[PDB]
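J.: Full structure from sequences and hints, please.
These are the residues of each chain, in order.
Number of protein chains: 2
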Amino acid sequence: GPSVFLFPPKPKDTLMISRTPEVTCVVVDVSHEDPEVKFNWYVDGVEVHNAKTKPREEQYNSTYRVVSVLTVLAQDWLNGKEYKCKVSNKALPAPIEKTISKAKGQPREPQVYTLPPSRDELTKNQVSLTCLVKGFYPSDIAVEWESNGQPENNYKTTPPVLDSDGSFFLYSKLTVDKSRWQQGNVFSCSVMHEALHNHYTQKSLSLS
Amino acid sequence: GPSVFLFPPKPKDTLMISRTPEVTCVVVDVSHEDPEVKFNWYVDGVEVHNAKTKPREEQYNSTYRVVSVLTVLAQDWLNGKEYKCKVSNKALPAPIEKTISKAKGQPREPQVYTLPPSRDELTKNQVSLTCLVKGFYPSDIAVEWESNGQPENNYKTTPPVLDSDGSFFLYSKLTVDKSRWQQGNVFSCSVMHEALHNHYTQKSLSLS
Ligand SMILES: *[C@@H]1O[C@H](CO[C@@H]2O[C@@H](C)[C@@H](O)[C@@H](O)[C@@H]2O)[C@@H](O[C@@H]2O[C@H](CO)[C@@H](O[C@@H]3O[C@H](CO[C@H]4O[C@H](CO)[C@@H](O)[C@H](O)[C@@H]4O[C@@H]4O[C@H](CO)[C@@H](O)[C@H](O)[C@H]4NC(C)=O)[C@@H](O)[C@H](O[C@H]4O[C@H](CO)[C@@H](O)[C@H](O)[C@@H]4O[C@@H]4O[C@H](CO)[C@@H](O)[C@H](O)[C@H]4NC(C)=O)[C@@H]3O)[C@H](O)[C@H]2NC(C)=O)[C@H](O)[C@H]1NC(C)=O
Ligand SMILES: *[C@@H]1O[C@H](CO[C@@H]2O[C@@H](C)[C@@H](O)[C@@H](O)[C@@H]2O)[C@@H](O[C@@H]2O[C@H](CO)[C@@H](O[C@@H]3O[C@H](CO[C@H]4O[C@H](CO)[C@@H](O)[C@H](O)[C@@H]4O[C@@H]4O[C@H](CO)[C@@H](O)[C@H](O)[C@H]4NC(C)=O)[C@@H](O)[C@H](O[C@H]4O[C@H](CO)[C@@H](O)[C@H](O)[C@@H]4O[C@@H]4O[C@H](CO)[C@@H](O)[C@H](O)[C@H]4NC(C)=O)[C@@H]3O)[C@H](O)[C@H]2NC(C)=O)[C@H](O)[C@H]1NC(C)=O
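Protein chains in written order, with the authors' numbering: chain A, 237 to 444; chain B, 237 to 444.
Hints listed in this document are in silico derivations from the structure and should not be mistaken for laboratory results.
Warning: the hint list may mix true and false statements.
Since the list can't tell identical chains apart, any single copy or any two copies may satisfy a pair.
Said to hold, decoys possible - Taking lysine to any residue and the SDA-like style, the derived pairs with C-alpha atoms no more than 25 Å apart in a straight line are:
(1) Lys322 x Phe275
(2) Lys290 x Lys326
(3) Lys392 x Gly341
(4) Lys322 x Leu309
(5) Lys360 x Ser375
(6) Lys414 x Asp399
(7) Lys360 x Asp399
(8) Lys392 x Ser403
(9) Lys439 x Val397
(10) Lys414 x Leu441
(11) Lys439 x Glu357
(12) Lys317 x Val259
(13) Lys246 x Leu398
(14) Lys360 x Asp401
(15) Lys317 x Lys340
(16) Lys414 x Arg355
(17) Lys290 x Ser254
(18) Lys439 x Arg355
(19) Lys414 x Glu345
(20) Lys338 x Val282
(21) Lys414 x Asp401
(22) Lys414 x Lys439
(23) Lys360 x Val397
(24) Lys439 x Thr393
(25) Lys414 x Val397
(26) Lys360 x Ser403
T.: Here's what the structure looks like:
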């Protein structure tokens, strides 16, 4: 048979003014001769109807893949509303409810430190810039790098890791031409998280 | 019905002289009235019999959980031998083969930089020490921290992240009493990876 998966809004969507955060009910594994599902959504059990079943797109496993999407208020998600996606299907002898909400636990304000490349790393053509972002709850957050109010292309962020004190940390690495870090050039780590002021801070980092 | 999961040896096991690296065939979801499985193992298809079905231990889902374990040569794994765990079960109308070997691709020697805590982090009681370990392949690796030839207890390592250039990176964070980092005290990041010399390097980091 099948199995149902539920996914939460994106950090940036819920912590930014004019975005469109949404929850995404992914039904995977559907049998051809019975490929019709049926979604009924609920916010805190209260049945809401901003549904959006995006018609049934195809796959490889000789099976199938139906998906709904429910737009939702940012302050809704942040205030811990529960979002029950109720799948009703013919081929199943029972629906498959799957609830999910924000993570409860006390929010925690991330500390952000930016870290210059190790003296040794100069021997290369491109150098690494490190953003440490520790001690935060819940795990949802969003990191980004820029310079001159312009995004940077070459950075990659580790996913959050459960720290020893039940909070999270993570690093985001930025890579640049060694020439740039030298000169004087200034670069910024931007973090977006619940527990932050205006949900947003930004630490710079450069050369002395 | 069920589903089968296969897991590879641990990094340290295969890159260290006298360890006992093993592959672990985890059969999850077993029916009570038909809870008997059968494993037949193969190294590169050649059937080997260092099997080890650890009798069937229990669970919660009103289902079931049978497991085998096959010891194996370190240089075997590192040389890309393929390890087919063949599950034969009654309740299934077909076995469930699941192959897995080392990751193919050209091994790549990790660069290791250690990073002191950001000037601002001194306002706290405990300080963070960073190990950057980048540009390596395959993803298997093992990090560890110590001081005075003694392990440290408070560190946590991110899992490897796919970098832009098809290699991996990761950081390992070590936490210490601010008092220690000060003094003069020296700390070491220890890395164990295929592409390394003797499969092992270790960079130190301290105060000037
Ligand atoms: C054949 O049918 C389908 C078709 O899939 C096709 O074949 C497979 C093999 C792949 O090659 C596909 O590329 C290909 O299209 C197969 O369907 C798959 O089914 C498996 C399970 O049977 C699913 O694995 C799950 O993955 C989720 C999260 O995965 C995201 O990223 C995956 C890529 O790695 C991607 O596959 C998923 O679609 C999903 O996609 C994400 O979608 C959102 C949309 O906005 C996006 O933001 C993401 O970026 C996007 N990612 C991508 C790349 O698309 C994983 O979380 C599930 O496991 C969780 O839950 C399990 C318990 O239910 C638990 O055991 C796990 O440990 C894990 O637990 C989670 O842990 C963390 C907390 O730290 C957190 O993630 C969760 O909160 C927590 N969950 C819970 C509730 O505990 C799960 O493993 C795939 O989703 C699915 N593939 C696709 C594309 O849907 C299927 O394999 C075949 N049929 C079979 C079984 O024979
Ligand atoms: C009855 O209960 C048990 C309890 O399990 C869980 O318990 C509760 C608390 C919740 O978390 C529930 O989500 C869940 O019920 C269920 O047993 C579970 O079975 C599910 C699905 O059958 C498993 O999900 C998979 O997890 C594996 C990894 O599992 C390791 O790590 C887990 C968390 O980190 C841990 O819980 C496991 O114990 C296990 O631990 C490892 O064990 C070995 C043994 O020695 C050890 O050596 C390792 O060191 C150790 N790992 C460590 C360090 O933690 C994961 O691999 C699977 O994800 C891949 O496959 C999915 C297939 O569905 C796919 O959806 C994913 O996207 C993902 O994709 C893979 O990507 C890799 C990339 O390299 C690739 O190699 C694979 O080919 C590819 N696989 C694909 C696509 O198929 C998967 O998420 C649970 O782990 C397992 N739980 C336990 C306790 O074992 C059981 O299902 C329940 N009955 C039901 C629901 O019917």
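J.: Each hint needs a verdict: does it hold in this structure or not?
T.: Hint-by-hint comparison with the structure:
no. : hint            : result
1   : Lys322 x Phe275 : within (6 Å within a copy, 39 Å between copies)
2   : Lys290 x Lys326 : within (18 Å within a copy, 40 Å between copies)
3   : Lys392 x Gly341 : between (28 Å within a copy, 21 Å between copies)
4   : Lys322 x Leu309 : within (19 Å within a copy, 49 Å between copies)
5   : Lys360 x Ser375 : between (34 Å within a copy, 22 Å between copies)
6   : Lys414 x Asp399 : between (32 Å within a copy, 18 Å between copies)
7   : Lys360 x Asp399 : between (32 Å within a copy, 16 Å between copies)
8   : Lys392 x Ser403 : both (21 Å within a copy, 12 Å between copies)
9   : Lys439 x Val397 : both (21 Å within a copy, 23 Å between copies)
10  : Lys414 x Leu441 : both (15 Å within a copy, 22 Å between copies)
11  : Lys439 x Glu357 : both (22 Å within a copy, 13 Å between copies)
12  : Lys317 x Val259 : within (12 Å within a copy, 43 Å between copies)
13  : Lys246 x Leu398 : both (19 Å within a copy, 21 Å between copies)
14  : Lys360 x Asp401 : between (36 Å within a copy, 15 Å between copies)
15  : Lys317 x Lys340 : within (10 Å within a copy, 45 Å between copies)
16  : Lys414 x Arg355 : both (12 Å within a copy, 22 Å between copies)
17  : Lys290 x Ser254 : within (23 Å within a copy, 55 Å between copies)
18  : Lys439 x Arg355 : both (21 Å within a copy, 13 Å between copies)
19  : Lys414 x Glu345 : between (33 Å within a copy, 21 Å between copies)
20  : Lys338 x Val282 : within (17 Å within a copy, 50 Å between copies)
21  : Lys414 x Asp401 : between (36 Å within a copy, 17 Å between copies)
22  : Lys414 x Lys439 : both (21 Å within a copy, 22 Å between copies)
23  : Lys360 x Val397 : between (29 Å within a copy, 20 Å between copies)
24  : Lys439 x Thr393 : both (16 Å within a copy, 23 Å between copies)
25  : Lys414 x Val397 : between (29 Å within a copy, 22 Å between copies)
26  : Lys360 x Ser403 : between (35 Å within a copy, 16 Å between copies)
Violation of the numbered hints given earlier is absent; every hint is satisfied by the structure.
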